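Asks: Residues per chain are reported as follows:
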Amino acid sequence: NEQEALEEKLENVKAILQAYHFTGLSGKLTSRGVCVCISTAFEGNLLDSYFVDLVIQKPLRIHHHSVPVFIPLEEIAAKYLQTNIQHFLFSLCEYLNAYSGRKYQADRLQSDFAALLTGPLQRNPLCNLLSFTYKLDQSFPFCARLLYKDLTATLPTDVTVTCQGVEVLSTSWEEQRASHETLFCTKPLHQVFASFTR
Amino acid sequence: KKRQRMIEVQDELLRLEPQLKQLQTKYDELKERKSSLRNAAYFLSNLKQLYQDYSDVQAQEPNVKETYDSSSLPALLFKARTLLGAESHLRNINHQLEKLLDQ
Amino acid sequence: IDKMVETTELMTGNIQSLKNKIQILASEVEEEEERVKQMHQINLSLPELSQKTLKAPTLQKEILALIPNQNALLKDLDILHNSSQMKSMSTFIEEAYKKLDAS
Amino acid sequence: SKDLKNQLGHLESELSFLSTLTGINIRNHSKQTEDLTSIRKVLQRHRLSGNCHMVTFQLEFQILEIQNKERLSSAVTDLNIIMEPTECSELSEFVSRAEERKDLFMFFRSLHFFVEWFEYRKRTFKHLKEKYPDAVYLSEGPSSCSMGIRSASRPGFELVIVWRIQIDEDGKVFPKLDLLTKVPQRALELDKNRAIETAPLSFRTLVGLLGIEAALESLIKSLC
Amino acid sequence: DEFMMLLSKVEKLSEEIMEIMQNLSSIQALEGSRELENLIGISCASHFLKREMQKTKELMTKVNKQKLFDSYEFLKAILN
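Protein sequences appear in the order of chains O, U, Q, P and R.
Heads up: the first sequence runs through residues 89 to 225, 229 to 289, numbered per the deposited numbering.
Heads up, the second sequence is in the deposited numbering, so the first residue is 315 and it goes up one at a time.
Heads up: the third sequence runs through residues 162 to 204, 209 to 268, numbered per the deposited numbering.
Heads up: the fourth sequence runs through residues 53 to 90, 98 to 283, numbered per the deposited numbering.
Heads up: the fifth sequence runs through residues 84 to 152, 167 to 177, numbered per the deposited numbering.
The reader is advised that the hints may include incorrect statements.
Calculated cross-link-like contacts (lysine-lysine; reagent style PhoX-like; alpha-carbon spacing at most 20 angstroms) [unchecked claim]: (1) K148/R with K252/Q; (2) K235/P with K220/Q; (3) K150/R with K263/Q; (4) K140/R with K413/U; (5) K263/Q with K161/P; (6) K198/Q with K362/U; (7) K217/Q with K231/P; (8) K340/U with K180/Q; (9) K83/P with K217/Q; (10) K235/P with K185/P; (11) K264/Q with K95/R; (12) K198/Q with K231/P; (13) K252/Q with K264/Q; (14) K161/P with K83/P; (15) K240/O with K217/Q; (16) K100/P with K54/P; (17) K148/R with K413/U.
Just the calculated beta-carbon pair ranges, DEER-fashion [to be verified]: (18) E94/R with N247/Q: 22 to 28 angstroms; (19) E228/P with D241/Q: 33 to 39 angstroms; (20) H105/P with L176/R: 27 to 33 angstroms; (21) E256/P with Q366/U: 17 to 23 angstroms; (22) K185/P with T221/O: 55 to 61 angstroms; (23) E94/R with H105/P: 55 to 61 angstroms; (24) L205/O with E228/P: 26 to 32 angstroms; (25) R289/O with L118/P: 34 to 40 angstroms; (26) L231/Q with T381/U: 21 to 27 angstroms.
Please keep in mind that the hints were generated in silico from the structure rather than gathered at the bench.
All residues carry an ideal CB built from backbone N, CA and C; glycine is no exception.
Start from the sequences, fold in the hints, and give me the full structure.
Replies: So this is what it looks like as structure tokens:
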């Protein structure tokens, strides 16, 4: 009777909410307000997800969250909480996606291509500064420094490469360093390393 | 005794640095703001005067065979966009036609 | 003490000089920032565009440097703009569009 | 059966609230599961249609969940989206870019920003259409990129404002404004001050000085 | 009903508008280059326009036969 149709509607709406769960940002109604779930993914590889608690009463306040402290959420909250909360959510999505992508690139470099790297690469918690020396198999030592002056993009804002411990003696080193600089500036980190390793 | 002098001098130096930075930022944004405002005012006044002192010569000859220079080609080309896109525009309204007849 | 007191005294002198400069510039800018809007009105909440759009390359020069033989195409572009067939076609399209907007 | 009706109503209200907050209204969703075990590999195919307030879409993708002892890797193996055949070529270009990049969230966010900028453009053009109907000639309509300003005293003198919305390679969305003037050489031979060649840069400085609609209304008043 | 007259006159106009469309090869020469098609917005291609006009005829006749012609307040206006 009506029970079967009611159960069908219930399962349909549950499936619809589970479908919203995959769009990246989800919301749930609670007593104090709305709990928002934010998801991060890079190149289709899903990663860790976080949550934020909000209060509906005026003025809008923040109850608690699990976002890492070094993420500058206080200023963006102060300047977009009261107007266009959806724009606030989208900007927060931008920040988390960029940070997760940068961390994923750094971790993939650390784990996969450990043979070419000689010593541990210096990394900051925000993962916006990298500096490492590498030798690729003759022996062509290089040192690379990448600085990410922006926080909403996964591509370096400026990259520099130098030859340390050896003087430039042929155009091969010059073309190699120019190609490395261009690849760093345009293509992702691990892609080029997987490219010229063969 | 001199250690306290060390500490305090470093204190005022540190607390005066940001004020200098802020003043520099305010000055070098205000300069360009004023320059841009003046330039925009000049352009607007000049364009207004050009239109005003032209508005009569067109009335003297209403249908003169007037051609256009190379600078007017873009706009004319932008006028031809729909001319080469009208059929495609029809497709859109044709789609809207179905959107109109979905009843 | 010697070096760092010298540094901070030079810095505070520069701070005072910059404060005087910004004060005099702000006092001077007033006359022109009311003079600009003499014959023009002083001033729908559209957010202000970013400076990247302001510093982006414009379209007119790109079009001019992108298409060759300006006159070889204009010699017929003017003729077609003086033709009435596509003018009537454009009037028909405009009438259809305003009919749709009327609903 | 009143409690079940109450729960259904509450779920419907919550769904409507979430849809109007996020801005995405979804259609029916279909799921298929395939087990390909050699350490476990599962292939899940999802299909769903929907719309964002102005534009519909239909997407279908498949993901490969690799469950292991310590890791659970999920990768979008294939995705395929279809639009309705609009006249926005850059929309199709971005659809192709997202298809060849195999990513989802940036597509949704870019679509949201694009429809947001489109709605501001349409609302701005239509307001100025009615504010000064005797000096505005919207040749293509409020849902287009062109704006045509013309004086009824003389049809020869008129100019156009081009407002475009562009999507970069990364995925961001930014607008751009320019003007094109169809001026006869009679004005060139009349005025030797030569204030027409600098119109683009000066106008772009003007719009960055006091706003967008302010510059537009100033131009309308000057042309009046 | 002037719609019949306008349709007839545009149909008679079509032949010579495509004639003048094919008069010059420079317009055909610039075709196929995306550098202008993306700037103008869609494309520069008008070759199936015959089918377009011959298809709009029945559609328009059927249309004539049928005669088709802050955050607080925003959030609170939805919960009601």
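Asks: Would you pick out the hints that fail for this structure and give their numbers low to high?
Replies: 1, 5, 9, 11, 12, 16 and 23
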